[PDB]
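Shown here is one chain on its own, the form deposited without the partner chain, set out as structure tokens.
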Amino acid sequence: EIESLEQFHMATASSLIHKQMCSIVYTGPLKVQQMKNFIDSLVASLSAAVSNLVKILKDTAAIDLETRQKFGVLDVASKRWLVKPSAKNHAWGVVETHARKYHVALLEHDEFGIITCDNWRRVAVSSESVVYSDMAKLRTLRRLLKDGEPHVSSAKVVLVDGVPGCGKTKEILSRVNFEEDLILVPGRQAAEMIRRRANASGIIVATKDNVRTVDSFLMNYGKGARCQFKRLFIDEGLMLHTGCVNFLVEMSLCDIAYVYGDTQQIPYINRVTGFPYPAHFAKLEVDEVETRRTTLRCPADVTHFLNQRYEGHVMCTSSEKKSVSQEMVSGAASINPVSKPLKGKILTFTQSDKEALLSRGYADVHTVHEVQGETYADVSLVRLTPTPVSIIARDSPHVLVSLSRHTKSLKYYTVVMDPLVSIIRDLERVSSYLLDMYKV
């Protein structure tokens, strides 16, 4: 397989496409199987992206659309988009030559647009080809394999399992030794905020060398120096493929790694269609589990709810007691920012409901999953789907996350009676003295 980014350029599209690898057999201990599966998830992801771009060009002689799409098709002769894409400056795409051959192309980009070659007939791009991160990660990871086998680290792995608002990032910031350790986190904005918080005094201790995103670490590995970090701290580590974590522990050359997360919140979601990510693969294999049971964010009534989901006596430092309420609504058609202003951060459980509210004129709406890890003073939670919604259950991680974002209040607006209404109704009746007992 290709092990150099440059090699992806002009590679035949078919060479990167693989038949639904839903029939992959893995060998070796769990960590090795997880690492192999992670690489395969990337191969599958890239395969689907390339395959769809080829299909766009090959399924029909031509394709022209009037409405903007997630994909785009460029007519080379005129340099006009026959199918207009929602994104710009895509890192790569699939090229159709006049001889009707299909190759992947790392697109250069400025003139009046994409730089094309003489034998190019059409260029297809999509939201999946905006960046070539999968390609960069694959080339990095493949170089770490010896005959398809990865090396598992002997480092001790400690899971710091904490409740919502226990202050996981604050702990990392207090525990880390910036001169010897490395901190990794998924988002770019997330990494930047870790550095800003660390450097609040004005003294720079956190740099782009010791606090980075997971993608950056993987994509540029060995580009310069190969540093041996004493300890590795992975914020939001449970939101990554377990195979990815195993690789990070190994690649950092650490003696110990601390993975920060909450096993009751929303874990990594396998978004690769037709690709298996079994339950035994989904469980991160760690050596020790540290627990944090005090929330520095949630009111006492929410803490009462949390206490039913975690053993170990969940406590809160906040003086807020009651904070939840709920009411029925007929549907999106009956509400709008004017007639029904919604206080604070507006959240929905699904993308569909989110779109429905945005369509009503509400601004800055996000799904519960999208705001995992975030804190708000007031929350307006909305359920517009009347039919069954799996993720809305008494013991659902989504429900737990939806109730633990606020510090002041939360109001649930729903079109139908459901488990969350029951939860809120019960919390409203919990003994005031019982709520007093959670404060620490």
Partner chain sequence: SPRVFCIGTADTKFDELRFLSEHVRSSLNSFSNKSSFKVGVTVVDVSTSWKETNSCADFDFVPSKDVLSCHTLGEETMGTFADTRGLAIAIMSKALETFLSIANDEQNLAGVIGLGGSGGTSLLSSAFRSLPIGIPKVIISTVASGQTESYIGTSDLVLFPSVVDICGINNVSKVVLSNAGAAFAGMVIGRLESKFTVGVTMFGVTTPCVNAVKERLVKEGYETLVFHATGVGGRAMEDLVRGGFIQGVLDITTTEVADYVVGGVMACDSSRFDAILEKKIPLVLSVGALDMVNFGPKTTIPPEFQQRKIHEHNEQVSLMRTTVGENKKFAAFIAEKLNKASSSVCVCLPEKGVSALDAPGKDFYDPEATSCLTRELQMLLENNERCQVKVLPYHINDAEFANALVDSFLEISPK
Contents of the next structure:
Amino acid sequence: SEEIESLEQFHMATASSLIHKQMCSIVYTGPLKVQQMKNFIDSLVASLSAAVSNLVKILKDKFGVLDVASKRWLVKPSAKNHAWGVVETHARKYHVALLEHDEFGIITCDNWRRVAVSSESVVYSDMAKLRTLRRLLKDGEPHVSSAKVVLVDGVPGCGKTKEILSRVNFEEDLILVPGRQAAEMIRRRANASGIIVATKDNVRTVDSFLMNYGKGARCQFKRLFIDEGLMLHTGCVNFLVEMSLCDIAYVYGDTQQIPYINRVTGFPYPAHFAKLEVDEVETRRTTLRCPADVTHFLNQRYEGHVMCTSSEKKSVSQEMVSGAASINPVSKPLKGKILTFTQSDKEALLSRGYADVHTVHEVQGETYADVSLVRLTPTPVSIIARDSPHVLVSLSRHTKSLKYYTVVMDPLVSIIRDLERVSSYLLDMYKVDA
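Given the form deposited without the partner chain, state the structure of the form deposited with the partner chain bound.
What comes next is one chain alone, with no partners or other molecules.
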């Protein structure tokens, strides 16, 4: 619509003008918050340079390439309807272009010879964010909010989302969260009493907020609530606080809930940048959900002791399955909520006839009485590691029981096995009244 027009600064810009083979010798100046915000912008500039640069590299010698004249692909991409790509003209020049699509594919121009797209150009979120963030800068200098920022450092099931849902005034405040799944769950839980108080305006994903800032809706809020703010670059949090025009912001965070990872190759994100600067730090170390054994595990991953209000002591168990095929709804029904680590395993169980299956990642923040966790892939699964955020999440959803069914030995089998062996009297030491 009118969004493509808002990104005109990027349309047909030379690929070279957006590429920066450096961003390692960058020296920031000013207050810590300013440096973090500057650094956040550069992480976006660096992520875009890499995306544009790889598209050009592909043209020079997922990563799809289109022949303009024949309207047929030389290399078919995995995704569809990419929002942008790099164009190679007949003079062999490289320009970034915001793409349009019709019944027959990409709408092209006569002077375009080939067009390259990739997983990174599927969406123009980086450009969208740059556009928004750069308009807030006066000569590269971002404005820092005078609002008080309170950080609530918590653990699984301590009440991060519950507190937000309990304290927010849906008519004046804003709740920002990373990921659509989380945003949808928050709205659903907020609207569960029967009335819709949580909408697309007072509950938004971080990406949507950054990308569509100004496009309308509403911009000024009295208080800002961020659920899982430690999943974001510190400079991003600084921008969100300022952009919400709030007088106070509550950043609910969790150091083990998939913390913000640089990801950008050779991009600098020093330890002093990774630490959020707030006016007050609050701590939550009592889980109101997890059993005492899962709590023992949590104590191992968090600074500070973790206590539990729950009376449940031991709740985990597992089972090694010989024949992956034996795991079917008739042979062995799976109690409660059925979860898997990968999509492939998820599809498998669904085709086998199991009802309502989701991946661990798809149920972040959710609670269940009983969980049946399943691994059908005997091949290596990277996200299943002793210190993996997915494992942490996978062990902290249930209030009553968790059973892990796997076709192969892995770090999770060890964790569950060790938890089953610990003394129950030791486990009692985590108990608190509440």
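Each form is matched to the other, and the largest set of C-alpha atoms that superpose within 1.5 Å is called the rigid core. Numbering follows the first chain given and starts at 1.
The one residue among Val32, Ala48, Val54, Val389 whose Cα position changes by 2 Å or more between the two forms, with the core held fixed by superposition, is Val389.
The Cα position of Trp92 differs by less than 2 Å between the two forms after fitting on the rigid core. After superposition on the rigid core, displacement of the C-alpha of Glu250 between the two forms stays below 2 Å. Positional change of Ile266 between the two forms reaches 2 Å or more at the C-alpha, relative to the superposed core.
Taking the rigid core as reference, the CA displacement of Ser380 between the two forms comes to 8.8 Å.
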